[PDB]
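Quick setup: one chain, the form deposited in one PDB entry, written in structure tokens, and binding and motion questions come after.
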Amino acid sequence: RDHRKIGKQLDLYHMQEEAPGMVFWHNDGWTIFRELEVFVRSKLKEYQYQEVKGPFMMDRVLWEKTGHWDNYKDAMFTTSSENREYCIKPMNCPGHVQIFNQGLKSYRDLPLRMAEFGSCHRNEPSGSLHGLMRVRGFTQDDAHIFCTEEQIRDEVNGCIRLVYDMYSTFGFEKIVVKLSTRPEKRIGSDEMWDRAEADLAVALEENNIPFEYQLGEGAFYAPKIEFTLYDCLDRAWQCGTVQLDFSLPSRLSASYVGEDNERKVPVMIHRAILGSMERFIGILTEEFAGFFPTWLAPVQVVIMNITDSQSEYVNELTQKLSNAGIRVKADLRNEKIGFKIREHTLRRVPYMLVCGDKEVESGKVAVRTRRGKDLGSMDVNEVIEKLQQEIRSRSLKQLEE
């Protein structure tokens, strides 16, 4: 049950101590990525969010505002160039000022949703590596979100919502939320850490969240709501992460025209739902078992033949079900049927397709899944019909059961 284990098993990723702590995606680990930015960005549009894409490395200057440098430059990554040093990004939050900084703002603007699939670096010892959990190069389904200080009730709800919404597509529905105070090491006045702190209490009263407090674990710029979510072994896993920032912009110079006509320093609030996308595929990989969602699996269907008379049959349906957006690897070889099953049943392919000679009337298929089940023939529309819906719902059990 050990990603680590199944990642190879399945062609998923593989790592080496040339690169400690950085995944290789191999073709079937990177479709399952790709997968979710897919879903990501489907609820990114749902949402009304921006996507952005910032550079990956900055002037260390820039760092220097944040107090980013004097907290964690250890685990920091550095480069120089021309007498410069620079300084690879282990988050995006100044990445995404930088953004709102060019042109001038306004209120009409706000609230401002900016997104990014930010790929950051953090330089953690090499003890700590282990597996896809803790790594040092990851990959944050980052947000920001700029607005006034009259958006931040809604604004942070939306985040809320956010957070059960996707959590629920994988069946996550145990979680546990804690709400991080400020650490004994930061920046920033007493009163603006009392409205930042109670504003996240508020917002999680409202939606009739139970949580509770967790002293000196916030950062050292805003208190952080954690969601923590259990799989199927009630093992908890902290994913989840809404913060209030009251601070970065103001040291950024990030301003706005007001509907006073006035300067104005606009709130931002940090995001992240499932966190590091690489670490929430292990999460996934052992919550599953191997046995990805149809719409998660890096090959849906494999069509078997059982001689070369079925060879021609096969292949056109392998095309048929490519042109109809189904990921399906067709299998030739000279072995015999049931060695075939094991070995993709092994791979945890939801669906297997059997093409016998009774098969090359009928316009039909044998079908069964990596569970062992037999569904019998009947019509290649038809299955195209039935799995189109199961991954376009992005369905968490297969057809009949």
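We call the rigid core whatever largest set of C-alpha positions still superposes within 1.5 Å between the two forms. Residue numbers count along the first chain shown, from 1. Compared with the form deposited in another entry:
When both forms sit on the same rigid core, the CA shifts between the two forms reach 2 angstroms or more only at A236 out of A236, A289, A324, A75.
Same protein, different form: I have the form deposited in one PDB entry, so give me the form deposited in another entry.
Just this one chain is shown here; partners and other molecules are left out.
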């Protein structure tokens, strides 16, 4: 039930000591990564988010300006070029503020929702690294919302709604919500922190979401609402987060022209719904015990013959399924049908199609699932249509399940 064990079994990824905390995504694991990206992008379109891409490294002087250098130095990778030192970004907020600062912004541009699948690199202590859940290089489903003070309630509510919307796709039953308050090392006045912490609490209360306080776990610039998911050992892992920030836009000279034609500093909301793709995939691997939902499965269908007599038929079906958009593979090895079924069941392939002379002649397929069920024979076109519905709807359950 360990995601590291399942990851090796399904050939999802590997790690080596030439790059501690750095993930080598194999073809099958990268497929899950990219499917989550498509799923997130469908939500970004629905909730009207921009998607951008910031540079990997920026000058150290900018990270000093944000207060990151003083409160985050130990976790930052640095490099140099031409007598100038750069920081590999551990966060995407300063890059998004730089994009916001291009061109004059007015209140008609707010709220401005700017998302990124941003690569973050943090020099986490090597003793704390754990599989995919704690790594040194990860990709956040990050976004930053620039808005007025009057828009805070609506935008924070939208982030909370998005969290439960996207978590419901995976059928999570245990979602623990925490409000992380000010840490010992922080910027911003006590009055600002009181307003920011109260705003997040009111938003949670308004949505009728029970939560507990997590004292001192907030960011150095803003408090956090934390959505916690649990692994196989029931250990708590922070995945969802929404942050209410009154300080960083001022530090980076972000401003917009208000209704009064007076210059105003926008409020910034930081949020990551999945958290990081690496940690969320690890949580998904242990939650499903490798039985990924069909829309997430690296290989959705395996088609396989009894002898050569059905080998040509299998190849035609694999091409037909592939043209229909289904991740399908052919297993034409000289092995017993039970041998093939057991191997691909270990690979957690959702559906295995068995082809004898009976099916070759009838144009049908014998259907078997990774759960050991025998679904019998039904027509190829019916199988295609049901699989497409299961994939497009991102259904959690298989056929007749």
